Amino acid sequence: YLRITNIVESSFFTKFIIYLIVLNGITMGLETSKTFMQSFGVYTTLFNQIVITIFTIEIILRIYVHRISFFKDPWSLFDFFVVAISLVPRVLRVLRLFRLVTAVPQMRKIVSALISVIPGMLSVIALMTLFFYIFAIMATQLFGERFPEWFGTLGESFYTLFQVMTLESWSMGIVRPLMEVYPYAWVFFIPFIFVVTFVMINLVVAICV
Amino acid sequence: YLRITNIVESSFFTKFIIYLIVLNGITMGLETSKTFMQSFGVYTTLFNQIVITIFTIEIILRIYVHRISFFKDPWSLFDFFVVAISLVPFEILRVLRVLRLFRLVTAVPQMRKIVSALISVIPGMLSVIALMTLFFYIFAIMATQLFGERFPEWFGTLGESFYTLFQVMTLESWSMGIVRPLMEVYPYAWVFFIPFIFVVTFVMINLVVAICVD
Amino acid sequence: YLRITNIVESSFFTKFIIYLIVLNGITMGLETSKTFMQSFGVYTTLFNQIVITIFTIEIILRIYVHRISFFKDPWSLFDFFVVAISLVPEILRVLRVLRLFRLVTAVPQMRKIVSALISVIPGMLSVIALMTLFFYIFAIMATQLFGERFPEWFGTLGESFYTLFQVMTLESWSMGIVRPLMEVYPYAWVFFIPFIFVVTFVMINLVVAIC
Amino acid sequence: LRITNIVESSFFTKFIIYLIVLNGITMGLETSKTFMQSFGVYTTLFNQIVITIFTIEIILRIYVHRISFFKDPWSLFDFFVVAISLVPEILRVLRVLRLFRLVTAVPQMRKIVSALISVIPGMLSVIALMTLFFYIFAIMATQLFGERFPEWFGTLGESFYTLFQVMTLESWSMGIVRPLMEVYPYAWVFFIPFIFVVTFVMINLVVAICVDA
Ligand SMILES: O=C(NC[C@H]1CCCCN1)c1cc(OCC(F)(F)F)ccc1OCC(F)(F)F
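Protein chains in written order, with the working numbering: chain C, 2 to 210; chain P, 42 to 255; chain Z, 18 to 228; chain R, 238 to 450.
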């Protein structure tokens with residue numbers, strides 16, 4: 002019993018996993034090259050199953066070693082799903098290259114120390130969706146009639162507005178043609194770009210605290 | 042009188058306000074989809090009048106409870122106007138009725154703080170912003186009598202001189218979209234525009250720092 | 018001397034100058050509309066001439082009242098030159114609109130704002146000079162690398178400058194410049210991608226240096 | 238020991254800066270084709286003198302400094318930029334890097350460099366995350382959109398450039414993401430979150446930089 006617990010939390014075992022991680026990453030970085038998957042595709046498709054096989058064992062062990070304690074450690078928890086994904090018979094399997102974040106304790110803090118920023122802002126983030134929701138409704142029934150590729154859908158109003166938010170081709174690509182049919186659209190968007198922009202500065206400042 | 046005053050400042054009423062918001066939001070969030078408004082549009086268009094009816098009441102009561110204190114409290118004040126817009130049957134207002142889904146910010150005491158904590162920046166910046174508009178005004182005049190003769194779509198009007206210059210501020214398509222064609226007729230437009238990008242940029246950065254300190 | 022000295026330093030006079038500024042400002046904002054200058058050009062073309070006369074007088078008084086003390090006050094200095102520009106009887110005809118900046122000078126609330134931001138400039142001259150050489154070294158490389166086939170972008174050292182600043186600003190840097198370049202010189206992702214890195218990394222750290 | 242006194246003189250320190258600015262300015266006309274027509278031969282020789290003379294300073298300082306020399310970064314760097322210049326057209330272009338040595342002689346710049354380079358270590362925990370994050374994502378696209386959009390995502394390396402471009406937000410939507418949505422209408426599930434994480438990272442870098450120095 003306790004004999005197994007010593008194998009898991011050993012430096013050897015953990016270090017061994019991280020080696021396979023770095024390796025299986027390189028394996029997926031050659032599954033891209035058509036030339037490679039031609040000559041060595043057979044070599045790889047099995048080699049991957051070996052890895053996800055070993056990772057199945059470890060995650061099973063990690064469960065028996067931790068029992069109910071396991072499904073409260075996110076990194077440990079997260080690792081579980083990412084293999085289940087890898088189990089299901091194709092692109093989302095590459096998420097298992099995130100365990101290199103989990104398996105390395107130097108990263109876990111960085112992720113957490115940056116997710117620690119998320120809560121002090123959800124009061125702001127939640128506001129935006131409401132702000133976006135009303136506007137996406139306005140546009141889709143304002144400009145949605147003549148510019149449907151941009152505003153034909155409520156959701157389509159989202160993508161264009163978040164783009165205009167990012168300031169990519171907001172003027173030449175969206176606002177200028179809009180102003181050829183609705184010449185006052187410069188009253189809709191110029192403030193919206195200000196309103197949304199004002200948020201970002203005060204956030205950055207609020208976080209430097 | 043005071044009997045209603047207990048209903049008004051009840052948590053139910055406070056909680057209730059936030060409820061109707063969410064429904065009319067979702068209801069207006071289906072007033073967008075053409076598909077929905079076919080079978081249930083009339084049922085919906087009336088539901089808004091139902092909504093816009095009830096919303097008349099709250100602001101009526103809340104005023105008598107607050108009297109002159111009401112028309113000095115911003116959050117409550119705002120609440121009123123959004124109904125008058127919603128009250129008017131120039132369709133635009135029928136579209137502008139959708140602002141009534143903004144009141145969910147007012148009723149939530151967690152939100153007002155969020156809003157308030159950001160407006161405190163304007164006074165430490167109103168000294169700057171007013172400078173910016175003046176800066177634009179002097180410059181917007183320069184272009185309109187410089188490039189306005191051959192580029193009327195971009196600089197033909199002062200208002201168009203504004204829009205084009207305010208765009209270059211954002212750096213969106215400023216070079217290939219604006220300055221490069223300018224340099225085909227007036228090869229020095231980079232003397233107008235390259236510095237203008239500096240000052241305008243330094244202001245906004247120096248503004249952020251002024252906010253970073255406070 | 019002392020007889021005039023009471024007119025100069027009055028609050029009234031200060032208030033009076035700012036009136037013509039705001040007046041000449043809004044007045045200068047309609048000299049753009051072609052329609053007006055036909056029906057009202059004489060009213061306007063002269064009103065400018067009226068003002069620039071008065072400001073010539075004031076600047077004469079302000080000089081004699083302060084004498085050598087005048088030519089050490091920045092705000093005072095600028096105001097003078099902007100009238101000299103305005104004095105010359107077609108580029109300058111546009112540069113006359115700079116006289117709408119004196120509203121910054123006459124208002125003591127502005128002078129602080131401008132200066133307190135020019136007060137940041139010295140703490141950055143150590144940084145800025147590095148970039149120019151960095152910019153200068155690179156413009157030489159491109160102009161003799163890609164300048165042969167891309168003359169609109171890199172035919173001249175100065176043209177390499179404009180492209181680099183433009184690339185530095187991130188406007189159409191990739192699709193407009195780097196992508197077509199990589200169709201003839203497939204390694205242009207080695208020239209510019211670092212230039213985007215170094216230049217960008219500086220600006221963040223600079224704001225931080227000021228923050 | 239006779240030469241050693243010349244090197245660390247204030248004259249000599251200043252003296253290097255003379256040839257830099259001159260060779261810098263001289264290369265600013267080796268660039269202009271117009272000048273190099275009438276003065277090219279006049280120009281081509283001045284460089285060889287400099288690239289010869291510039292060898293000496295780094296030669297002397299080494300015997301003066303010995304093993305102390307190859308532990309001072311600025312001292313180290315100075316050599317390679319000359320060694321590059323020595324090898325007899327990319328190299329002929331890379332010779333112009335020799336105008337960087339002006340950084341060595343001037344102590345006012347190094348402080349900015351050092352005081353800024355200092356904020357690069359406390360973040361490598363973040364940057365390496367980004368490279369991995371890009372790596373996972375660059376793989377996803379390249380086998381997602383690589384089939385129909387190869388100039389943008391046909392190769393992992395091409396996914397890099399396209400993703401690093403979208404990071405800067407240059408023509409990411411109209412130029413890259415919007416056409417993607419005509420065949421794969423779900424590319425906004427790949428790209429919209431990717432836009433969030435990468436952006437949030439850059440902010441957090443700032444926070445780390447705000448605090449550090
Ligand atoms: O703002 C950004 N671009 C818009 C501005 C900048 C100038 C061009 C157009 N205007 C921006 C740029 C970034 O480049 C990161 C680097 F690639 F350098 F690493 C990262 C995050 C950004 O922020 C996005 C936000 F905040 F706008 F949403």
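Keep in mind that the hints are not guaranteed to be accurate.
To give a feel for the contact side, a few chain C residues facing chain P, derived at Cβ under 8 Å [stated by the list, open to error]:
#: 1; residue: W76
#: 2; residue: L143
#: 3; residue: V206
#: 4; residue: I208
Don't read these hints as lab results, they were simulated from the structure.
All C-beta atoms in this analysis are idealised placements derived from N, C-alpha and C, irrespective of residue type, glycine included.
Taking the hints in turn, this is what the structure says about them:
{"no.": "1", "hint": "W76", "in the structure": "violated (31 Å)"}
{"no.": "2", "hint": "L143", "in the structure": "holds (6 Å)"}
{"no.": "3", "hint": "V206", "in the structure": "holds (5 Å)"}
{"no.": "4", "hint": "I208", "in the structure": "violated (10 Å)"}
Of the numbered hints stated above, those contradicted by the structure are hints 1 and 4, listed in ascending order.
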